[PDB]
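Single chain ahead, by itself, as structure tokens, in the form deposited in one PDB entry.
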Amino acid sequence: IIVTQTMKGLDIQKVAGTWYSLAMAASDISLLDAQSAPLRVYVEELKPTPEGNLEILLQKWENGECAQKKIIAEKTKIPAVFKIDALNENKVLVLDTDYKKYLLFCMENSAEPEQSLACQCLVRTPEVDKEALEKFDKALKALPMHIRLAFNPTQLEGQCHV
């Protein structure tokens, strides 16, 4: 895939704190279709390091339980692009944010041989922000998404979105 738009001027220190996964999309239906699908992950928090790296706290269904997971994303020459250090190295792209209300990012699933891509719309509060959803859909027009999900407030406040 060709991501055609990452964020200019990204100050990663300002995305610290709590977030909620309002909506997600992926290039393959099977990446997101079930609760236990591989890229079905709910971001809880972003913790920038002083070295300019990014810690990502998320929840994920596994073996019928809601599991917390910590991902360390290492900075690169491009400021909106990070590398996840893991058995298969995976990229995380910050597309856009206003720091105070929404953040749009994508992550690839390199354990898939075939090129795969998931993107999320994160908001600061557990409400459906229509303007953030509009910016998400605008950013998605350039991308080959075949599944899109959106969640309601009860799900945002729940564990693993229930």
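Superpose the two forms; the largest set of C-alphas matching within 1.5 Å is the rigid core. Residues that one form lacks are left out of the comparison. Residue numbers count along the first chain shown, from 1. What changes on going to the form deposited in another entry:
- Once the core is superposed between the two forms, every option in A67, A111, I29, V128 stays below 2 Å in C-alpha shift except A111.
- In this overlay on the rigid core, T76 has a C-alpha that sits less than 2 Å away from its partner position between the two forms.
- 1 to 4, 85 to 89, 109 to 115 are the runs of three or more consecutive shared residues whose C-alphas all shift by 2 Å or more between the two forms after the rigid core is superposed.
Any chance you could show the form deposited in another entry after that form deposited in one PDB entry?
This part shows the chain on its own.
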């Protein structure tokens, strides 16, 4: 059973800018297993809009190419929950952030959480932040994850994390 805890007091305008996907984890192995896995996506930029919506710019391998992708997330009554329709997911969920160093978020499809949940640890610089990873693992300890990936600085600034 998946229960996510979203951030209290999120100010979405402060997440703006460049990020790097330091780590990711998912409920089903197939979601992240192999570079072509559906939720193997690497966040490059978060771009809040004046409406309080959010554009997510990411990279993703598809048909052998490292491709760009833009996901549009719509605000909801809860500030840390946004609605999307992409990657067969329907929610982007912000778990925690300090704006300046790390941000934790998940995606899921609320109709099928155990088949769809993937969460990431994002960082502002392409370095490994052990404190951020500690917060990430803390959150993940409470979730039924079956796959976990953690990247190094070389992979962080690679194209599609190679």
